[PDB]
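One chain comes next, on its own, written out as structure tokens in the form deposited without its partner chain.
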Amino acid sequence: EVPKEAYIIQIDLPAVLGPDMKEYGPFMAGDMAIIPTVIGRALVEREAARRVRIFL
């Protein structure tokens, strides 16, 4: 399975294919979403996303 986390998206973002062949997005700014970590982390370093921890 593909590792994924929850994020808050800071800006508008077009849809994007993931390593699991599923489409993530498109995102309105301020959306919270579970997305594959490879994409999410890159979005965070780009400052287009923030990690959020959902304790289960």
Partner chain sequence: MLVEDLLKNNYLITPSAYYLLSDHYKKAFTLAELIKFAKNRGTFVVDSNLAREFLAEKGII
Second form
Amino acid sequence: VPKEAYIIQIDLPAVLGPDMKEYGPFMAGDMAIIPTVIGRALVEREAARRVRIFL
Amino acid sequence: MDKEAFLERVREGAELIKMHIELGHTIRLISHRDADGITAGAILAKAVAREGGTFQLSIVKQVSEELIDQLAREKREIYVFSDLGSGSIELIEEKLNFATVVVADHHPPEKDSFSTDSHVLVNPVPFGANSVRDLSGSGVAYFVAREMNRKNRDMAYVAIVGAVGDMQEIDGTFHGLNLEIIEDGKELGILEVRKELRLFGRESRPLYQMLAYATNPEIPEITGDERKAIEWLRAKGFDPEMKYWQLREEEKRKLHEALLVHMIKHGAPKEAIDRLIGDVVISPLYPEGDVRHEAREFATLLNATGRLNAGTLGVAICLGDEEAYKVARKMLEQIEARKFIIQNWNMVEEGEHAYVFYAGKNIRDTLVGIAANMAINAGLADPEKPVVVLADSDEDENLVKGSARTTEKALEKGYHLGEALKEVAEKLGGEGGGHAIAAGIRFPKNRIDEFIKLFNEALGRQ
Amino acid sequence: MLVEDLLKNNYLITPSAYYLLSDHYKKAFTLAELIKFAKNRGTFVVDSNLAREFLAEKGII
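Same protein, different form: I have the form deposited without its partner chain, so give me the form solved in complex with its partner chain.
Up next: the whole complex, starting with the chain shown before.
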């Protein structure tokens, strides 16, 4: 389950991922490592921005 | 300081975080809003990602019962507080005992450790460290992340950014455990310590704005007067529109010698003069002229993102995200500070020996000293009467902060603003005092009227 | 499997809402019906409140 870092820009309850795991809840402004499926959907909804962490 | 006892707490906190990472648990990170907390949050966020773990970072103004209750309802496995929590140890014991808690802070704690199990306080103060000069909140985060994985030493510059934002080097140099972080960054080549002018704006501000906005130290007759700063730099042979980093090394020495002489002539305190040239932390990772190239300029950008409810955007900058840096600059005061005090100079309370202008939240508590100097250098107040600007402390809703500024000619009436502010500080309940011509005070907000009568009576008695 | 299908069209769902809708998915309502109900409420999150209102409008008891 590929995961990336995102800044969630709205309040958000715990939501399910494809792995049936729970993710959240999120306070508006939180930065979390979440499955890309959820993050990309929030990005497309203009509700989150990707953040790159160079390791 | 008992450094070895402190390192034992550092390993405890680091081992707990890594244990939950290896258990597959999301590391819940809570960090403070200012530059110290934003860098501390990014240090721990990168440390968790480097171990292959998962985090969810919240940048908050303060730890409160309402915040702890929200965190408790999330039902997490481990909560990690950075740059806060030292004053909330019993609140955390009560509402988060069901989970692992790690507090990484440098503020004086109410208890030297937790009584509950799987709760570790990582704080150097109980081991003999100076809270305001031996290590900052980001420094504690750095120690914990370095114990988790020595590759996290590549965040040494980010930690110093928070240390400079926390004014750990207020006297021009670093002390205590900060020096261990600086040596780490030097070994990795990610930071360099210059001996230069310590004023803000060596990367992005013109030289006249660098001088006019000087606060640590202030420059007499120049702080708060952009016109005199432009005039002064021209007479000394400098382009006032040039940036400090663009000067040759010989041109910088010329500026330093000229500024130091100007401060000796106009009776600047020896403390202010000794702090003009000192440690300035630079990072080769960024181009010169970039805001991130210098620690103080970097810490200034982070504090800006924190005041616009965009703290994690500042965290993303510390993690190397280039788009977040571009977003922050497009998203982002002294000109409005002068416009406010001029267009609202009907709100003052002139007594028999001073002015008192309470601005509320309209002026930051850090710009109060500049605002008082601006009232003198803008045809607003009689230069023979000292000026005191007051503003609500952004860190305490029940407190207010003020600075007392006057001119040299007015000093020749018996005035001394340090002894005047030290007297009222010990008659209202709070800090206060300073030097002869410049001093500050912090007292309860509900006794502003008592301050004006006492400070005028104290000044008139001099 | 409505978690993946809603995610395919950029829709999130809470675990409690999945509890109330999973058994009814594809039997009593279509993915398009649930998506249209959510979009007309101006949301892309399917929570327990939206789920109960959705089953109510559909007559699913």
